[PDB]
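Okay, here's what each chain looks like letter by letter:
Protein chains: 2
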Amino acid sequence: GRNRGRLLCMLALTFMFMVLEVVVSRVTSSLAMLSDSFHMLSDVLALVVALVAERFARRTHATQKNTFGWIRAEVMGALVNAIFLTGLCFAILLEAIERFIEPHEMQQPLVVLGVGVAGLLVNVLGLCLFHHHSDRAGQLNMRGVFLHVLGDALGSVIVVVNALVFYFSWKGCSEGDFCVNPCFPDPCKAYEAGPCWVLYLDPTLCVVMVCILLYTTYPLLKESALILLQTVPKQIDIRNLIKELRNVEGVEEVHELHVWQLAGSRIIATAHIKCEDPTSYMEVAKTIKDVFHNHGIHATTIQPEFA
Amino acid sequence: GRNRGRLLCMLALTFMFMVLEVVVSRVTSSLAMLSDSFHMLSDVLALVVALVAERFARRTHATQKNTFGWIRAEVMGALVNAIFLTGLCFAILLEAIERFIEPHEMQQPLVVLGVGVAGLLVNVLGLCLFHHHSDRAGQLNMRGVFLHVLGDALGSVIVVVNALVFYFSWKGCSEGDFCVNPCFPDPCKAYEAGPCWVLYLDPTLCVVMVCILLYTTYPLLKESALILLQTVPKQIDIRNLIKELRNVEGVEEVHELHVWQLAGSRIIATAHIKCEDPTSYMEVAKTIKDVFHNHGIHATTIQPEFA
Ligand SMILES: COC(=O)[C@]12CCC(C)(C)C[C@H]1[C@@H]1C(=O)C=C3[C@@]4(C)C=C(C#N)C(=O)C(C)(C)[C@@H]4CC[C@@]3(C)[C@]1(C)CC2
Ligand SMILES: COC(=O)[C@]12CCC(C)(C)C[C@H]1[C@@H]1C(=O)C=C3[C@@]4(C)C=C(C#N)C(=O)C(C)(C)[C@@H]4CC[C@@]3(C)[C@]1(C)CC2
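Just so you know, the protein sequences line up as chains A and B, in that order. Mapping of the first sequence onto PDB author numbering: residues 5 to 138, 238 to 293, 306 to 422, in sequence order. Mapping of the second sequence onto PDB author numbering: residues 5 to 138, 238 to 293, 306 to 422, in sequence order.
In case anyone wonders, no lab produced these hints; they're calculated from the structure. All clues given are correct.
Cut-off 25 Å, straight-line C-alpha distance, at most; resulting in silico cross-link-like pairs (PhoX-like, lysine-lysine):
hint: 1; chain 1: B; residue 1: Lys389; chain 2: A; residue 2: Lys69
hint: 2; chain 1: A; residue 1: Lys292; chain 2: B; residue 2: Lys274
hint: 3; chain 1: B; residue 1: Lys389; chain 2: B; residue 2: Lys404
hint: 4; chain 1: B; residue 1: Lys69; chain 2: A; residue 2: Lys337
hint: 5; chain 1: A; residue 1: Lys69; chain 2: B; residue 2: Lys404
hint: 6; chain 1: A; residue 1: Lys292; chain 2: B; residue 2: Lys292
Work out the full structure, taking the sequences as your base and the hints as a guide.
Okay, here's the thing in structure tokens:
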């Protein structure tokens, strides 16, 4: 509900910001702005993934297909967001090392500053919106869009700082009067420009950006891929679980024990406990049920393989 | 085993091909070749993902964590490959529309042809290797690397055809003598080149490439995401399953019925069948077991909620 409205307003803000970029590019006569807009378009994919995930979360119904109900949509959306972000991070690192080998010059720092502060305020507003998720499946999914919004805001920060760096240290004697640049490899050749060391600042800070993005994304992907692999949660303990279950009176062993986490706090477990008398079984059944209860798990299915 | 050796030899061939590209770039004095090599590096990610998936497939052991055993590693690898490929396809489409708006000229068609036929033969060899997967989990994972190798070979085909197109229709009067190009937007300005319509061939065929890649990838991702969501397989029928189970003598109803697919042909099912006499339960248990047997499922766990 409220998270749905948050996603909707954030997506609307992204599209309005794209419209703003194309409108300011109409005035600047620049194709690089079109490139930046088309590359920032990639947030719409993650936003619509989170949207459809939240839409399918409210299914919680047993059907003729997927008799559990579409409860794992949240986890699937989180995993999709994590993998997509890692791929985008790889691509950004590739472009960064390319530009680091070839230091392309900067263009239009004032309007880049304007649009960068615009994106700064917008992305900080979006981050303040997505900070209550830094039951559980909701935060599990929203962590992906939080990571993407953090990447957005950090790109805004880095581009604004680079803009001011050029503004404050690049006299850039390159056009109009007698003006060349010694640090450019080949400016379409057949005084020298200002201090050129700032040229590599964009890649040498984009590398830090992608570093922090990987370092912060890895936990979300780890948790999600662990949940989807049918692994035991961190809370319960098999070693003492089976020991207590055996120590229960009436039981003699356990053939097969299975525990996993469906989507969230509700986890399921099955067993093959064995008794000796069929006359009294419901008492030991209630006993095993309350053992599981006191040990976390509440969705139980135990089969008395008699003798 | 043999699939492991296939992955190993293919990865070795990719690295040898990267070495070949850097060696021929040392001779050509071209950074675009470095860009192409660094972009073709992305296949190593998918190959190592498939590698670690195949390495974890052979676990099949009950442990203190993930009591089922790491059997879903195959499906997880397939899903990772599918999502990664879709993200890369998005990036390629973005670069393609950018180059379609700005038709950058072509460089060094002869050596591009040489390396393109090299990549052609290598990728066709790799495809012939990965054609037995066009139990089930093996093919399910290998479909990802098959899709990536198809993308590789199709990129080789498209670049070779574009190379011959330039070779056979681009006299390109652009350098040396009196030579300009009317179709270039601004060749760093303050006869005209040959027929320029071929300039857009690279994007207008890369779009077909990404179209066919999406159209062929979607089934793999669909199947994988359906398996990981705990959905009923396509084989069995709940509507008649529950009906027969009720028609069984002794049973009176079924509280909760759950069916899902663990990783492959081995699927699991649980139930809550209810009887009336605890004196005789093993007979109806064997009956329900053989009903499930004749109806597919073999991993069973049924609990007699008595009265
Ligand atoms: C979906 O990922 C985004 O869209 C983000 C993050 C959200 C943002 C802040 C809206 C935009 C962009 C963000 C950005 O700032 C704009 C560019 C870039 C093209 C700009 C230029 C200049 N000058 C450049 O030359 C290089 C150095 C090649 C930049 C490369 C990195 C890139 C795409 C990044 C940092 C990526 C992440
Ligand atoms: C991991 O995806 C790959 O690596 C593949 C497929 C495997 C291949 C065939 C080894 C290489 C590459 C393949 C390729 O051919 C080389 C380039 C490209 C940079 C070349 C140029 C020229 N000229 C260009 O200007 C544009 C038009 C921008 C091309 C863009 C597309 C791209 C990267 C593609 C088709 C991507 C897929």
